[PDB]
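Let's start with one chain on its own, the form deposited in one PDB entry, as structure tokens.
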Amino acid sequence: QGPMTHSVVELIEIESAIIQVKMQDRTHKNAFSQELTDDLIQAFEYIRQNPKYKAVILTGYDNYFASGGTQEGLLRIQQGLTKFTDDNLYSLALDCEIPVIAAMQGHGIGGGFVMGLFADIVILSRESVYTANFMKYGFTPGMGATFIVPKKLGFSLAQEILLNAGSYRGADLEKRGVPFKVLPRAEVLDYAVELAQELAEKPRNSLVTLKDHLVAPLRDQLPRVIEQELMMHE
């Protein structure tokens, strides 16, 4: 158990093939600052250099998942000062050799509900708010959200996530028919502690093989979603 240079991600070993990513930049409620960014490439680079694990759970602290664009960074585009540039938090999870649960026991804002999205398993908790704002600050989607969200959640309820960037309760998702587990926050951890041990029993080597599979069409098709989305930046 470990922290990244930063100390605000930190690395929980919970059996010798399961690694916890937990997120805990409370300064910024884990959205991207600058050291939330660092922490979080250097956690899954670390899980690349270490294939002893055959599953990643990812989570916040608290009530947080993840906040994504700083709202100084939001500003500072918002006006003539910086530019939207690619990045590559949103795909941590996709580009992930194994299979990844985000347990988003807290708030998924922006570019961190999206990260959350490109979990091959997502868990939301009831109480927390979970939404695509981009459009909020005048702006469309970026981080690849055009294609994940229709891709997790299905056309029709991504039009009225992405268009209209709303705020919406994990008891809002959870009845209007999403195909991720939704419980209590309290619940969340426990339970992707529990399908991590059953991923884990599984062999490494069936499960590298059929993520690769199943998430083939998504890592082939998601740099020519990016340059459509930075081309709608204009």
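What we label the rigid core is the largest C-alpha set whose atoms superpose within 1.5 Å from one form to the other. Numbering follows the first chain given and starts at 1. Compared with the form deposited in another entry:
The only C-alpha among 201, 187, 38, 172 that moves by 2 Å or more between these two forms, given a superposition on the rigid core, is that of 38.
Positional change of residue 221 between these two forms stays under 2 Å at the C-alpha, relative to the superposed core.
After superposing the rigid core, the Cα of residue 149 is displaced by less than 2 Å between these two forms. For residue 160, the Cα coordinates differ by under 2 angstroms between these two forms after the core has been superposed.
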Second form
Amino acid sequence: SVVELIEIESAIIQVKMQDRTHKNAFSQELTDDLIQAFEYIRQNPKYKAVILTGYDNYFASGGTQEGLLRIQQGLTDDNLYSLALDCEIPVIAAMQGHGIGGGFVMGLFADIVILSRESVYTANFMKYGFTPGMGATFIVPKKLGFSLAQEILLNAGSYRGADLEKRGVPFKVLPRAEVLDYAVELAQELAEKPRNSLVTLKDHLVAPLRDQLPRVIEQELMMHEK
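Let's see the other form, the form deposited in another entry, since the form deposited in one PDB entry is already up.
Excluded here are partners and other molecules; the one chain stands alone.
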């Protein structure tokens, strides 16, 4: 056996993956032993928590080279904001400078957004008295999370990239001077993939956005008009 089961205290079960030969890749052995380990847990209602762990410097390695090869062989005022979104291939919004209002929102529709620490970012629609447009009300909560989006959108405040970074955004935030160079490097790493794989994957990741954006725009239009 390549999975060891260790009880800790009364009701804790540790599942320790130890396929040293394969560094916890999914050999036949690790696969079978993992399934049996979870089946054993399922048959035992003493346990209240499971610790799944690896050994040494390996948690789990994924498909072995031969297992991947087996699969390979078969054994196994209404448009511009969404330009990035409708683009077939990945778009990096390298916002080396300020992104204000619809300019910010336009960039938020890119697959990868990079900010600059010194620049100003704002969904400032409500500063003019208007409810937000250009799909702001959809793309802000979707990229920045529901809670930060309520603040951004209700208040239309201005944040430096450095503020957003301290608030916890998922975007890479860099000094202005480094923004482009980081984007070109990331673009180079992206271009190492087959173009069909990039498009196939982006189509699947952004389908709910492409599907739901039109109705959000309609609701945003109805908010104007009131």
